[PDB]
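Undergrad: This is what each chain is made of:
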Amino acid sequence: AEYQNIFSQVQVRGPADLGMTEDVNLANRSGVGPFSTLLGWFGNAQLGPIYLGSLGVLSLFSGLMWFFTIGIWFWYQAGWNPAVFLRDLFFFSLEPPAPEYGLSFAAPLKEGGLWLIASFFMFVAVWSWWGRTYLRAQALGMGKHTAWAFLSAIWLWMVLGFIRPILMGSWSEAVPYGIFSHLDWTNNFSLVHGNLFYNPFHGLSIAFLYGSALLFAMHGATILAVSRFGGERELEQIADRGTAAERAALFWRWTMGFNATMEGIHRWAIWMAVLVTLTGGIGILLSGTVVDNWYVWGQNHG
Amino acid sequence: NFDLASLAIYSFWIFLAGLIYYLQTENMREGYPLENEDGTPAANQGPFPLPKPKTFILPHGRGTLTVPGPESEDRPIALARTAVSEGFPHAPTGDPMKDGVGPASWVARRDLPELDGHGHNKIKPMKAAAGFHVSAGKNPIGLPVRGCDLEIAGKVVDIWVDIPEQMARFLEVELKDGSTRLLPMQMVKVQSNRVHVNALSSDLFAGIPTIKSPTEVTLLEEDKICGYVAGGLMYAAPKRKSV
Amino acid sequence: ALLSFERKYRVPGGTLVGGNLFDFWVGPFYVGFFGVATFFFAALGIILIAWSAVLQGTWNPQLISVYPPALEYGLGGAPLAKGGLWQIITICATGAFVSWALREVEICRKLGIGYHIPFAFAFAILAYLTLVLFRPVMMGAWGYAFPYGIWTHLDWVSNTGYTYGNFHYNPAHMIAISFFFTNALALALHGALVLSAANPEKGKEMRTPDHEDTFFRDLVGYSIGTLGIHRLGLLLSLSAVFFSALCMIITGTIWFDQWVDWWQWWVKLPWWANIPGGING
Ligand code: BCL
Ligand code: BCL
Ligand code: BCL
Ligand SMILES: CC[C@H]1c2cc3[nH]c4c(c3C)C(=O)[C@H](C(=O)OC)c4c3nc(cc4[nH]c(cc(n2)[C@@H]1C)c(C(C)=O)c4C)[C@@H](C)[C@@H]3CCC(=O)OC/C=C(\C)CCC[C@H](C)CCC[C@H](C)CCCC(C)C
Ligand SMILES: CC[C@H]1c2cc3[nH]c4c(c3C)C(=O)[C@H](C(=O)OC)c4c3nc(cc4[nH]c(cc(n2)[C@@H]1C)c(C(C)=O)c4C)[C@@H](C)[C@@H]3CCC(=O)OC/C=C(\C)CCC[C@H](C)CCC[C@H](C)CCCC(C)C
Ligand SMILES: CCCCCCCCCCCCCCCC(=O)OC[C@H](COP(=O)(O)OCCN)OC(=O)CCCCCCC[C@H](Br)[C@@H](Br)CCCCCCCC
Ligand SMILES: CCCCCCCCCCCC[N+](C)(C)[O-]
Ligand SMILES: CCCCCCCCCCCC[N+](C)(C)[O-]
Ligand SMILES: CCCCCCCCCCCC[N+](C)(C)[O-]
Ligand SMILES: CCCCCCCCCCCC[N+](C)(C)[O-]
Ligand SMILES: CCCCCCCCCCCC[N+](C)(C)[O-]
Ligand SMILES: [Cl-]
Ligand SMILES: [Cl-]
Ligand SMILES: [Cl-]
Ligand SMILES: [Fe+3]
Ligand SMILES: [K+]
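Chains as they are written, first to last, in PDB author numbering: chain M, 1 to 302; chain H, 9 to 251; chain L, 1 to 281.
Heads up, a few of these hints could be off.
[Said to hold, decoys possible] Just a few of them, taken from the derived set where beta-carbon distance is under 8 Å, the chain M residues facing chain L: (1) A16; (2) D17; (3) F42; (4) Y51; (5) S54; (6) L55; (7) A78; (8) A137; (9) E173; (10) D184; (11) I223; (12) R267; (13) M272; (14) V276.
[Said to hold, decoys possible] Derived Cβ-Cβ restraints for the label pairs, each shown as a range: (15) L/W51 <-> M/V296: 52 to 58 Å; (16) H/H128 <-> L/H153: 54 to 60 Å; (17) M/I6 <-> L/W51: 42 to 48 Å; (18) H/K184 <-> L/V17: 21 to 27 Å; (19) H/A144 <-> L/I279: 44 to 50 Å; (20) M/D184 <-> H/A144: 41 to 47 Å.
[Unchecked claim] Straight-line alpha carbon distances no greater than 25 Å define the calculated DMTMM-like cross-link-like pairs of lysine to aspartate or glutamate that follow: (21) H/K146 <-> H/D157; (22) L/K202 <-> H/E34; (23) H/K60 <-> H/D157; (24) L/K204 <-> M/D23.
What the hints contain is simulated information worked out from the structure, not anything from laboratory work. C-beta atoms are modelled at their ideal positions from N, C-alpha and C, and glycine is treated no differently.
Kindly generate the complete structure, drawing on both the sequences and the hints.
TA: See the structure below:
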């Protein structure tokens, strides 16, 4: 058969790639980790090095303290028996404080307090990590597109767990930490707001989520299809268009009548994705603050 | 819009229309303005205008690229109209594999090698690439190369590797006369006892474009080689036996 | 009209059917035999929908809805007004989609590229064919397929899901969702990385793929590389859809009770089954 290039036929290895320096404070990069032949059939075999400054130490520590806080709660929910822990692992839930404690921190640890602690830790972890995304870009002289893109994800998370509960006047409106419980929450949220299929922002979010799958299938299939002309080498194709970029454009022009550039496909990409959680977080932020029932809103607003 | 949701959704649609507009103009930095088949500026360019140019500063002293700008093939195109009106194909006027047309097409990219983050040639033969070796999979160096006419076209004498990405990019193949050619790795099939190249018959190998220096390739040369081998799928088909 | 670089590629050849008969373009669009097949199937498809509107008595695009054969018709045919149209429009739909994949294969042939795109598309067609064709056939009626309407199909999604309780608990649907969200993560990041290299801080030189690896290693300790990431997006997104097909092909067929209750297999496993404590004892 013709070779498809989803996995590689031959792996090559050379000296560990320690990276570009630019302005990065090299005191804080680890050494390279192992090489994995398995990853190697699909992507790069090399693992590491990683950069861990102070902001990264904070983020990880805080992140771990979150997982832990939940874990403590779970093992406790499991009466300290590991059999029960493993058995019920998807049924355990760390729930927020009752409606009765509003936005206060007055609630007992076993009945709201731990949830606040966990949320505190997750807040510090994510935000510190956000700053990492900016600073690692900066040290290398690169654009801040990643940190901006990540902000759109942060937005939906921030709306669900912090902004919306603040605007609704209680932490009881926030999502519990639990595998089954957070799915139940999601279902319940829609039931209680007149079915989220009626929320125009929900519909957009889906358009974009599905569209991201459409787009990345298109894009990735396209780069692979032109990988015999060096397609994946997108920066140099940006700087000096080659037959790879041209055949790619023309595939699409001849299929659907218009097409992209090598740099431009990546702007369609970043936005297709980012609009998922943007529109998404609007949808939710408005739910119960401005609109109690999307079926009802729909009847009065086209 | 008495209500904030209505204001929100209406504002978002306006934004999305502006975003799509902006996105589409960003994607007109190459290949535009549209042209008639004779190469002149076409009459209807569409409702989107050309963006205001941007300039990229290329690294390693290699200049800048400003797009959009004066578009030009910078090579002659051996094809001729086959109809008296727009929209039909253009017959090659000679041998399209040699002429570089159709699926054998190449672009007049820079005739320098792609450089890496440190300004070193990106691709080099593995002999010249310190500490690089095959780490997994069947090593092709030494295998006979077979074209789609089921005839031996040569032997594999090296892998050309991308240093920074640590991957195989070409196989260097020695022909009957002792010269070598690069074959894209994406167009070969490393089998246990041979390398098989479906795109080309053995007689077409000599015709693969050569590289001016035996231990680097330039972007222009990459394009001609890759163009040529891909062209074989169409143009070598009368010599492609079943399989 | 033509892109500045396009003429060199507009050579004869690559068609799968009809030799040179349809080897030509209208504007930017390649036609070919499957271009003709596609137009024919789409056109008839739309005319029937446009008619089906008439018989519903509406023209509003947010009202128009073509409903499948009522569940009592089984896997037989129904009159045009009462199901027949949907059956014929599904045939036209499949015809148009499959014809579009085969046109795509033709463009690939003419352009000398790999067949990855139409292959990718084939996964979308299969998802569709699960919903309108494989699932209904395994269940015994066209009534189980979704109807063609902007809102009515959403009505169908919700009714279908709530038949099995909270649909979230379908485990193939959990995997499917994970691939969708991870794909969107991957697309954000990939878009963002390439652009951050192509468009570096003010006054500086374009960065290099080595900057892109370095950025990700510094951040998460790993870089998949640029061949990798395109392999990845294709895999994530195709996987999202494969699990979407799977999660439905099983629902109504191997599993038809409440999905939440499926997870009882794990809970009730014999070693920890009867240990007291926890949520489940
Ligand atoms: C996949 C699981 C369910 C389903 C679940 C949902 C849910 C849930 C939602 C949608 C939504 C949409 N769905 Mg649906 N949808 C299904 C199957 C389909 C099929 C199909 C033939 O299989 C089609 C064509 C559509 C089309 C659509 C759009 C009307 C709308 C936006 C989707 C989008 O952007 O996707 C990604 C694609 C792109 C960004 C590319 C462009 C696609 C365009 C917009 C499709 C236009 C369709 C047009 C209105 C009908 C044309 C028919 C003509 C006769 C040719 N759906 C199945 C039955 N769909 C959303 C909505 O808001 O509905 C009101 C929404 O919330
Ligand atoms: C019965 C259930 C309701 C319903 C209830 C809800 C609710 C409630 C919500 C959604 C939301 C969404 N739903 Mg809905 N939804 C339904 C039906 C559907 C259907 C369908 C076919 O029926 C589809 C396709 C969707 C699709 C979607 C998405 C478009 C959207 C979530 C986007 C996203 O990426 O979130 C995922 C992305 C995030 C959550 C971002 C999180 C980022 C943070 C910063 C990450 C931190 C990670 C942390 C550090 C731990 C990680 C550890 C590391 C791995 C080491 N829904 C039905 C009608 N849906 C959300 C939305 O936007 O609505 C408008 C939402 O809030
Ligand atoms: C109350 C509703 C239930 C529910 C019930 C269901 C049901 C029921 C289904 C899903 C399905 C899905 N759901 Mg669920 N689901 C719920 C909650 C969610 C949530 C959430 C955050 O809560 C999410 C993220 C999802 C996510 C998903 C996806 C895994 C999957 C949909 C994508 C898909 O199938 O694409 C597949 C893509 C297609 C079918 C696209 C086909 C496009 C074709 C090939 C081309 C058409 C071209 C067009 C006509 C041309 C137009 C003209 C041009 C534009 C010019 N669900 C709630 C709990 N979900 C669906 C699924 O898996 O289906 C297989 C499904 O049937
Ligand atoms: C914009 C829409 C999409 C999106 C975008 C997006 N997400 C992003 C970004 C962007 C642009 C990032 O830059 C950022 C990132 O870093 O990606 C690599 C991120 C990110 N998105 C993430 C997740 C995520 N995104 C999601 C969604 C989405 N993200 C959307 C679909 C989702 C969901 C729910 O669908 C999830 C779960 C993270 C991978 C990453 C943010 C990381 C973060 O904030 O971490 C804080 C928490 C920790 C640091 C603790 C982690 C602990 C580790 C397991 C390490 C263990 C510790 C140590 C190794 C030693 C001890 C271990 C033991 C062995 C003892
Ligand atoms: C497999 C992974 C993802 C994927 C991939 C994918 N889709 C693709 C491709 C690929 C690789 C293409 O090459 C092809 C393309 O050309 O894209 C621009 C395509 C395509 N994916 C499309 C849409 C699409 N993909 C989707 C999903 C996905 N596609 C996945 C998430 C979805 C949804 C709902 O999520 C939609 C809506 C089209 C843009 C395009 C296919 C165009 C095509 O087939 O055109 C020929 C047909 C017509 C022009 C019209 C046909 C008219 C019918 C006869 C009548 C309509 C009947 C229909 C069932 C009614 C629906 C009513 C709705 C309210 C439900
Ligand atoms: C949630 C997102 C998480 C991403 C980050 C995961 C956290 C991983 C943390 C790993 C801990 C790192 C240990 C390093 C500290 C140490 O003691 O070893 C250092 C030592 C050298 O120190 P030296 O003194 O020489 O250097 C200083 C001057 N240059 O190096 C080593 O021995 C080990 C290096 C190990 C690096 C490997 C990291 C791999 C990460 Br986890 C990859 Br495999 C996984 C992430 C996948 C992608 C996740 C995101 C996907 C969306
Ligand atoms: C109000 C919280 C907002 C963010 C949503 C957090 C819920 C997702 C947690 C999923 C389950 C994690 N856990 C603890 C079970 O492992
Ligand atoms: C959501 C549906 C969007 C469909 C997009 C169709 C755009 C194709 C435009 C092709 C351009 C053809 N022409 C003659 C105007 O140049
Ligand atoms: C899939 C194609 C979507 C193209 C987006 C174009 C949106 C047009 C919105 C214009 C604003 C309309 N309105 C009434 C809200 O003002
Ligand atoms: C017939 C539906 C076609 C859908 C394509 C949508 C095109 C959006 C054009 C943006 C309009 C430009 N504007 C007015 C925002 O500046
Ligand atoms: C998500 C909706 C897809 C975007 C469709 C809008 C783009 C239409 C582009 C047609 C312009 C082509 N043209 C004339 C510049 O060659
Ligand atoms: Cl750090
Ligand atoms: Cl942008
Ligand atoms: Cl060098
Ligand atoms: Fe890319
Ligand atoms: K070596």
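Undergrad: Next step is simple, just say for each hint if it's right about the structure.
TA: Now for the hints, and whether the structure bears them out:
Because the beta carbon of M/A16 sits about 11 Å from the nearest beta carbon in chain L, more than 8 Å, this interface hint is broken. Of the supplied interface hints, the one on M/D17 holds, with its beta-carbon coming within about 7 Å of a beta-carbon of chain L, less than 8 Å. The closest approach between the C-beta of M/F42 and any C-beta of chain L is roughly 6 Å, which is under the 8 Å cut-off, so the hint is satisfied. Given hint, M/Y51 at the interface with chain L, holds; its Cβ is 4 Å from that chain's nearest Cβ, closer than 8 Å.
Taking 8 Å as the C-beta contact cut-off toward chain L, the hint placing M/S54 at the interface is violated, the least distance being around 14 Å. Hint status for M/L55 relative to chain L: violated, with the closest Cβ pair at about 11 Å, above 8 Å. This hint holds: M/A78 has a C-beta 5 Å from the nearest C-beta of chain L, less than the 8 Å allowed. The interface hint given for M/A137 is met, as the beta carbon of that residue sits about 6 Å from the closest beta carbon of chain L, less than 8 Å.
Nearest Cβ of chain L to the Cβ of M/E173: about 20 Å, over the 8 Å cut. The hint is violated. Checking M/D184 against chain L by beta carbon gives a least distance of about 7 Å; that is within 8 Å, so the hint holds. The interface hint given for M/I223 is met, as the beta carbon of that residue sits about 4 Å from the closest beta carbon of chain L, less than 8 Å. For M/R267, the interface hint holds, the least distance from its beta-carbon to any beta-carbon of chain L being 7 Å, beneath 8 Å.
Because the smallest distance between the Cβ of M/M272 and any Cβ of chain L comes to about 6 Å, under 8 Å, the interface hint for this residue holds. The closest approach between the C-beta of M/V276 and any C-beta of chain L is roughly 5 Å, which is under the 8 Å cut-off, so the hint is satisfied. Here the CB-CB span from L/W51 to M/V296 is close to 34 Å, at odds with the stated 52 to 58 Å. For the pair H/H128 and L/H153, the beta carbons lie near 56 Å from each other, so the given range of 54 to 60 Å is met.
Checked against the hint of 42 to 48 Å, the pair M/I6 and L/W51 passes, with Cβ atoms roughly 44 Å apart. Roughly 40 Å separates the CB atoms of H/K184 and L/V17, a value that falls outside the hinted 21 to 27 Å. At about 46 Å, the CB distance of H/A144 to L/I279 agrees with the hint of 44 to 50 Å. M/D184 and H/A144 have their C-beta atoms about 46 Å apart, which keeps the hinted 41 to 47 Å range intact.
Between the alpha carbons of H/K146 and H/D157 the distance comes to roughly 24 Å, so the proposed pair stays at or under 25 Å and holds. At roughly 19 Å between alpha-carbon atoms, L/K202 and H/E34 fall within 25 Å of each other, so this suggested pair holds. Distance restraint check for H/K60 and H/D157: the Cα-Cα separation of roughly 51 Å exceeds the 25 Å cut-off, and the hinted pair is therefore not satisfied. For a cut-off of 25 Å, the pair hint linking L/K204 to M/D23 stands: about 13 Å separates their Cα positions.
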